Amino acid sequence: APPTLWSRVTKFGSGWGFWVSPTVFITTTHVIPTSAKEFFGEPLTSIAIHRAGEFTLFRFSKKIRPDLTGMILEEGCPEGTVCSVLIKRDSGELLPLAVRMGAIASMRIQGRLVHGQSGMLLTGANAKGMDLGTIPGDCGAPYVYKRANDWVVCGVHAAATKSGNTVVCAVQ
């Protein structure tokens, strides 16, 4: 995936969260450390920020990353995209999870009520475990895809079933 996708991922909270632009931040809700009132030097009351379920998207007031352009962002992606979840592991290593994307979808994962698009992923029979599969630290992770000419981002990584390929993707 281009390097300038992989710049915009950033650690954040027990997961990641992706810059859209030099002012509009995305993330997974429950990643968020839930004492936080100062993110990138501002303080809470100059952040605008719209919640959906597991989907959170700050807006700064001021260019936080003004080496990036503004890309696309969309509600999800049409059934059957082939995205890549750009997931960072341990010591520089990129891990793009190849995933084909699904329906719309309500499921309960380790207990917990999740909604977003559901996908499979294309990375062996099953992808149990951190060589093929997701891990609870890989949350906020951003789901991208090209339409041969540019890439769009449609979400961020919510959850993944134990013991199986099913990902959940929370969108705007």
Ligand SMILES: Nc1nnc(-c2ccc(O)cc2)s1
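If you superpose the two forms and keep the largest set of C-alpha atoms that fall within 1.5 Å, you have the rigid core. Numbering follows the first chain given and starts at 1. What changes on going to the form solved in complex with the ligand:
- Of the candidates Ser106, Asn126, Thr69, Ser61, the Cα that moves 2 angstroms or more after core superposition between these two forms belongs to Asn126 alone.
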Contents of the next structure:
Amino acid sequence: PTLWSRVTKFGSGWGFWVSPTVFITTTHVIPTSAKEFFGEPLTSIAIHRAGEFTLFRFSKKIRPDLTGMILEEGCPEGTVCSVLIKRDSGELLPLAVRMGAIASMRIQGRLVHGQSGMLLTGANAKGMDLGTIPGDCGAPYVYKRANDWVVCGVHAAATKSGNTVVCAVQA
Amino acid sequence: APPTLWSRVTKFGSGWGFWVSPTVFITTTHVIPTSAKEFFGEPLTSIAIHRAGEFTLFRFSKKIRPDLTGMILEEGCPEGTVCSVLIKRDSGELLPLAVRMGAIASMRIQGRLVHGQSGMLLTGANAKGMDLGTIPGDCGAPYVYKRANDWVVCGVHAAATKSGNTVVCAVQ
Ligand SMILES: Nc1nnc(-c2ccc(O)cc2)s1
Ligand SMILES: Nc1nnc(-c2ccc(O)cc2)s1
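Return the form solved in complex with the ligand of this protein as a structure block, the form solved without the ligand having already been given.
Okay, now the whole complex, with that chain kicking things off.
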């Protein structure tokens, strides 16, 4: 029983199973041509979009091995989240992120709205194993609170150092 | 981390060891099977053993891993160096956990006395549990870091606190 089981390759990045029926990802990684996802006809899937945040709800249990998790709109300022990065190499890369305010930020030429954060590995990501790269978009932001894991958003963007990041959030 | 470093990480006793060269193998002293009289088809008598607390080095009289080149082993690393701990987990999953290295320290952990180079994991607020942190079976996994032009190995996983971010690297 692991959080990592819920991180799934999806379009040009990743997504996360909140429940047996609920899948979250970053809008810009979703395929733009499709009749079905995970074997289910697109005609039977509810899609809820808010900027760079997308939620899918399926009409049957795709992952009945899972329990439903808490999903919240971002987290308090100063929370140290973990971004759960999967790589095509086979690497699992949980990185600490100190979270700040919600904002519209300029990132490599584009405007991105979500919760800002800064990696604790700091300086420059120097090595692919201490920061994010473009293929990582849709990875989840999580933290432990009392006994429960909380998911509060998905990886939307990062500056050239790979050290300022944006977490797209619900609503 | 490069495939040539993960190929050196070998399942061993109750954890792992690390091939520094074709003839040199390092591990954490407490993962060694205390009854073992033979390793990789060689008798104990044909092997040189160097032991300093939780650090153990094996030197063989012939090439066990001829596919490898010798790499640099140092005695810990400068304070503030960021290392990866190269942890293998269930079914080809590779978990290179980020750690900021601190001072040489002596601690009591789970009642046991441990000595080596302390570090603070950079994976979450606290690393309690297997998704963000280390578990007993991780002991012996190597601490590596990249410099300008190459990679260095600077010790082996010896211990971690109950419910915190603190780990200890046994050093030469
Ligand atoms: N549109 C929706 N917003 N939240 C939903 C949710 C959250 C947590 C769960 O475990 C399952 C569903 S549905
Ligand atoms: N006693 C020893 N300390 N270091 C050794 C070493 C280092 C790098 C190598 O490639 C091979 C051996 S032997």
